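These notes are about the structure you will find just below.
Omission of a single protein chain aside, the complex is shown with its protein chains in their original locations.
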Amino acid sequence: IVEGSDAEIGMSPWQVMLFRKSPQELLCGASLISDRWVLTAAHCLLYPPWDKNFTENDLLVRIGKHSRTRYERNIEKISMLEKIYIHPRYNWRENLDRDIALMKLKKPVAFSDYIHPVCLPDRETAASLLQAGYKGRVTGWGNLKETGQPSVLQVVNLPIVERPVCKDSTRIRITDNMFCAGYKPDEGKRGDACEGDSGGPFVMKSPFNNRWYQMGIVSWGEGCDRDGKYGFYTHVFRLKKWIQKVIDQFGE
Amino acid sequence: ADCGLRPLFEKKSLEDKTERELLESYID
Partner (left out) sequence: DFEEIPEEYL
């Protein structure tokens, strides 16, 4: 996260780290959506232009963390993956359309003060909150600058941008399965996701029922925190029929 | 049933340092 700040303890208890087993390293973010299911970006798991294709046994998920590098004894939990599910229409060749994946854990994780799932939006949630100017929150342990790494989880709040402005910022074809967020040059405030933040959540707190909803997944951007560029996020509600199909077919 | 309600915040009626910024943006 560029131009963010340190998270408070327990501020994002659905935050998940994806951790490469060997070499031991941060791969991406993710989010806890139930005791057995973790949501991330497909490009964190499958991206052929970089010879990335992870299988279940290549990875671990770390839940409940605050420190980036510490083993947080008696706080974090480390879970093994049973199975990865990537959206069958994930478009890695062109623009990362449908950049979404699910990971089923081998065993359920116990909730705690530090480990708790986020809600997924329904149609009305999305209609009420996904509006230009409304702010959401992005969290992660990715880099602090485009060209180091944080001691603790970072957080930044960012406004959703008008679709024609998002489209006019890039040569990439923007689909209805994406939205963008970030400040405009003239707004003077700053912030963005950066390398290592991908797969993490973009959340909003409903003012109607006081709950946090994951509206987006950190998907892609053109550099980090560049003036006139925006971050792009997978539109979770637009892909919920797939989410539910997978959990309904394979959950226990 | 309890999704999205944080043990150290909503389920103690404590606010985090910047959630009000989000609320203030949900104007209309």
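First chain written, first letter: the chains are A and B, and each begins at residue 1.
Basically, a residue touches a chain if its C-beta (ideal position, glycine included) is under 8 Å from a C-beta of that chain, and two chains touch if they have at least 3 such contacts.
Shown chains touched by the hidden one, complex as a whole: A. Taking the complete complex into account, A:24 is the one of A:24, A:147 or A:249 that touches the chain left out.
Across A:53, A:55 or A:69, the residue that sits in touch with the chain not pictured is A:69.
Contact residues of subunit A toward the unshown chain are 19, 21, 24-26, 60, 69-71, 78, 80.
To be clear about the criterion, only the chains that are shown with their structure count from here on.
The mean-CA centres of subunit A and subunit B are about 19 angstrom from one another, to the nearest whole unit. Of all residues in subunit B, only 2-10, 16-19, 21-23, 25-27 touch subunit A in the complex they form. Residues of subunit A touching subunit B in their complex: 5, 8-11, 13, 33, 111-114, 116-120, 129, 133-137, 155, 157, 159, 204-205, 207, 210-213.
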